[PDB]
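Below sits a lone chain in structure tokens, taken as the form solved without ligand HPK.
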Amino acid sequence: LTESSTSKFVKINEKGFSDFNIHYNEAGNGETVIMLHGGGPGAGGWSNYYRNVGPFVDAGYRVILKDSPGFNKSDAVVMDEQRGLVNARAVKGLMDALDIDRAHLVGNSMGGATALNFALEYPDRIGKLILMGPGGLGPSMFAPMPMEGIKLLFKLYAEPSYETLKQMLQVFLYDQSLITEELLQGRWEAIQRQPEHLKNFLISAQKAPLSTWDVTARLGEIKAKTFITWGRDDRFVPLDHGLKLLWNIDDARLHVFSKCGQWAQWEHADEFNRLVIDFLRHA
């Protein structure tokens, strides 16, 4: 598989959306797994998930790497509501657009915020919920906020340098020497090719700051089977949120990877793949 071969578009008309173009990548057939990416500059379905799409297809799954409204080759937008609840509507849109009655969601960071909102609003349309260091769960009992990674993320949004992006990625990864060009250019090309997303994000962050995303009091309402993954060394979202989810969602389990940043799916691909595939297959 490649990005080219899998590339695809489709408009959506849910709630406040209307004739809104969502880019995505699709492969495989059958049961549907929608993978939702992180909030960083130049973030996209493919870029977040290029080590998990193949193995998930082989497992006999319909794999949808969605570009969320306002990133990569999807359409630009400005939100005055918390992006989790908004991205969920975009997801609900792409499912209605493509006749998908139900899907499993895999949400990393902002994505995980999306999946959590999707699961809260549209429970009848979610199968199983995989969360990987999801944002927007309020304050940590230990980490002061903003966290080091979030600081760097806004710094990159503000002054998109090549050297800055690099330093953002050295904080996102536990092992910094794992930095590939195919990754680094994937993000750097994505920021350049649509620099309207950057300014749109900062404005939205002004209208709905991270503190408004907190869905914590509603967690006792999530019914789907939940698999929470965390990188032990995540400098973007604090480890103790993993526990908050475990205690509040009725049916959850938590897996933490050592020597791992915010990208468990990337930095620990193999283990992540087989752990999640098995969770879908057997839980």
Contents of the next structure:
There are 4 protein chains.
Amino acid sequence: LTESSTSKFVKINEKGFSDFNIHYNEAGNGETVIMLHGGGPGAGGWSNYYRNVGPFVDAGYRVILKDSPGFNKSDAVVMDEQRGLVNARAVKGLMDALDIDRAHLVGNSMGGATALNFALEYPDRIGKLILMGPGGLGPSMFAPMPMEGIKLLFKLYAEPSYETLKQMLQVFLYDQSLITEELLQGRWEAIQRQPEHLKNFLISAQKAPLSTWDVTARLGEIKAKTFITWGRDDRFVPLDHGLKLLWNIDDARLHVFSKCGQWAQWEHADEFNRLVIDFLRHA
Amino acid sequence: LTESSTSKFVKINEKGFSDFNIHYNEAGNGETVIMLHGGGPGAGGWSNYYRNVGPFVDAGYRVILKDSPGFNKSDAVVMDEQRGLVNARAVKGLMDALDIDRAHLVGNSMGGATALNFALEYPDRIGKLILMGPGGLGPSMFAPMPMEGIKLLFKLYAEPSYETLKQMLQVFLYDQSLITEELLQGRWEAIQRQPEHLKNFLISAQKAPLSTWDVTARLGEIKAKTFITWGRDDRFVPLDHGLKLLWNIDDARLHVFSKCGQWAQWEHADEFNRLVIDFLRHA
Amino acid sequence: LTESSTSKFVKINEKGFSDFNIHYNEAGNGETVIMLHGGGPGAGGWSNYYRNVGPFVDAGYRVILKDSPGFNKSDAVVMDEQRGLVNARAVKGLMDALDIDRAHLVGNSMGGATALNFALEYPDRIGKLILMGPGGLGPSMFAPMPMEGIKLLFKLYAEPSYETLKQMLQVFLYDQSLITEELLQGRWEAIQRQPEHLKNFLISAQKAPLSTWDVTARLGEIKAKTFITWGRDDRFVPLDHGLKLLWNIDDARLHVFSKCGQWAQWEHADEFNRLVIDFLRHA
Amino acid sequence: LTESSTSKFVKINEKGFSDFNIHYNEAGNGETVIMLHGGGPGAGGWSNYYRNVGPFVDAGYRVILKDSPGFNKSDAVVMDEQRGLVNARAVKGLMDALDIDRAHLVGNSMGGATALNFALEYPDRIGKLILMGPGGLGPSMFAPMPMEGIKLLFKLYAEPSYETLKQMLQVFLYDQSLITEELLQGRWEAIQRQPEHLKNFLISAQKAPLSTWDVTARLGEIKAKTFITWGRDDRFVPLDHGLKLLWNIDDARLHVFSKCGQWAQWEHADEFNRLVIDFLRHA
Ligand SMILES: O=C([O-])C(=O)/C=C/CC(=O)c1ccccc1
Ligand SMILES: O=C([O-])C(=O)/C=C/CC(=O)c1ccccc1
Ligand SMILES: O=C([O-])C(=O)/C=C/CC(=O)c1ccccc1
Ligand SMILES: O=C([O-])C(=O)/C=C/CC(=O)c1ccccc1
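Swap state to the form deposited with ligand HPK bound from the form solved without ligand HPK:
Whole complex next, starting from this chain.
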């Protein structure tokens, strides 16, 4: 599987969206799993889930690696509402366009916020819910905020540079030997190719600050079986939010990976893939 | 499989132990997994792991459900050293007697302390390490101590009664509908059959208080791949000790079950069995 | 100062309350501090704040030890709304009746919930806010719920007895040598004198469960300078809620007493009195 | 009071120290309080405690603002042992030279480690112990390490620059409006005046990593009355270590300031001064 061979576009119409272009990468043909990426400059579906798409397809799923609005090859947008909800509407739009009745959702940081909002707004359209360090769930009981990683994320948005990108990636990853030239250059290319997404993200954040993403009060509404994952060493979203989700969602479990930042799906790909595939098959 | 059909005895000789009788229940014939029980009155290997022995044997393991010294059908003993270490010596004694070179260990509360001490003392004799709410790892950062469940455990030791047993089991289990007459009567029988174990446990606790069990300072020595499980609703051993283990053991991961007390292996048997079997096969 | 010499009654009219009798104990004549008690059977203003009223009066305050509705010598009531709000309305009613423009509030457990609701509903009528382990602020990130102490509180409500009262007091207090015959008999007398309050509390709890008390979402509205106290060893309200308040209230500080249960004002009276008096004078 | 008018030097001889020059600033003449500074480049006694020395002297104490070895105007040194212990020996040396029988200690970060080691090694020479976010107490249960601030501290040590100093100070302080030209230029001057301290600190850290500072196992030995302070928003030393100290020291209390980094004594000087003075007078 390659980015090019799996690349697709679909125009969506849902709520505020009118013929809005969504890019995604699709492989496989079984039960649908939509994987949703984080919010840093240059993020996208393929790069976030590169180590996961193959094994999930091998397991029998149809994997859709979705670019959220205002990221990668999806249309540019300035959002005046919290991103989780707007992104969730885009997932619904994509599902309607493709005739997908129910999807399992996997979401990391901003994508975990998206997945939470989707489960709240469209409970009849979600199967299982996999939450990898979801962002925007209010204050931490231990971590000063904004967290170290989020400061760097905003610095890169405002002053994009190759060196600051490298600094951000060093904070994202526990094992900094995963930062090869290929992956650094690749993310840099995503930033260079669409400078307007960076501007727009900052304008959006002014209109709808991170506090607006906090759906904590509604977590008791979630009926989907939920699998929460965290990196022990996550410097972007605080580990105690894994406990917040565990206490407030009805049917949840929490798995914490040691020696791991924001991307367990990268740093611990084999264990991540096995755990999540087992959850989807058997929970 | 039944308790009777799997029941075995072996005399051990290791350090202080001289022809000391150990009871265990054994089934299967593949790689050995020794499962180690908790410290409440009437605890034993069979009752603690009744929902687990079958699936593990089906998966290809040889399962040994060990009665620790001073519990169930093993010999009575008064211990003047911390129980984790003494119990670990007994595991070594059993392994030597049975010609088992290496075992995977699964240990709950007192059995998790045992398994930790075994990994520290005999690193060349352990495979993988599965720790289910291990006891005696020092103070909690949040939970007043002694914890609610441990108070009840000591009350039952001192004043054994059917009603206090029921009270203890109600605190052990999140879902109190698991407390059938069969299981209540069965544990009561274990207490009634060996009153001297209760006396002896209390004398032992005076000679070696719970603070003596704390091996926190040595956790960095553990080389075994480690899988830590906790119940979210454990009223016996504090949830933040799961984090303590995760931070201090080199290769660990933490899984927390919602709606679960001290016995995930009972309340969430199917998920527990799948996770642990997958860990043993693939981690 | 004695209970008898300070005892007063006032009829209140506020919202649902119509000529509702409120008992309180008053001493001193300077700036008003209203102290609000907990929710266990037999609770009341005098017994909760016996070690505090003298020093606060000596410092120049007028102290009002208020009996909340459905406790001690105040009128019996069945509440169908969360107790914090109903109690806060009663404080307002008392203040209006006595021509008190602004009061400092001190509140313990249920009284801390009361004080929070008062600050939210009547911001122009509160001075400073002192919160001693406020109850009902949602789930803990660490403590299974209902907490050990709250189970005992409900047991005593349902099956009042001298022995269960003693058990509850043993859990309330870190230092169990504070439980003299005088204080045990005194609380027992409060329970015996008004059995209907016990019945009514249980009916109220059915109509408005503890989750209904959770005002977490509104904490950002509080403008009052806030001093949060906790006992390290509190088995009734979880220590991490002290952190929740600290993160969510604008101008707060947190003081945690070691070797202390729910009643710092009893177990650490001198330090408590000095700290709170200094806060009222100088913060 | 000024730095110049209070400046003194004393040669010490204790253990490894032979005619080792210690700089300190002294004012007042009552009971002695020795205040011990943090470990960042350019740290020293005067700058760390500038807002505190006056009020403490006004309260009747003799204040000694000590420069630890390898900082500010004290002699340069490469340490091969953990800094807390070496620094504590220097405090003892200073006390012996000046005929001070007992001192109260106030210590921030590295100075809190110093104060802990002093209380452990020389219990008959300490009065009360005030610990402001002490450093080196092992892993956090929540914070990835090295913490954000400590990374910056090491960056400035290795690559000193005015801009990196400003970045470090922005992370130290919750309220960044406290960073005036005066204070920025002043700290820069301390760095410029003694470049060898920076080199030496880095060599020392190689010989004795932060894990070597962890005295957690010995905290139960401390008999001194202890007052632990933390900033809620401390990005250098993790807030859960305040709880670790509270659980493991016999007679401790914990005060957490909101909207506060590593330096409560700066950001909340008036409240800090009142609390600590009250503790010294009355606890
Ligand atoms: O959601 C995201 O942040 C996302 O696109 C994931 C990107 C992974 C990534 O850029 C990466 C870079 C270097 C090494 C490993 C991974
Ligand atoms: O180690 C132990 O505590 C142990 O022997 C486990 C016993 C399980 C148990 O007594 C039980 C009782 C009722 C329902 C489910 C389980
Ligand atoms: O709000 C309350 O729970 C309250 O009325 C306080 C009562 C204190 C109390 O009953 C007590 C009993 C024994 C020893 C010390 C104190
Ligand atoms: O121990 C230390 O880090 C110390 O010397 C304290 C210095 C305070 C400081 O540099 C500061 C700078 C700007 C604003 C306020 C304070």
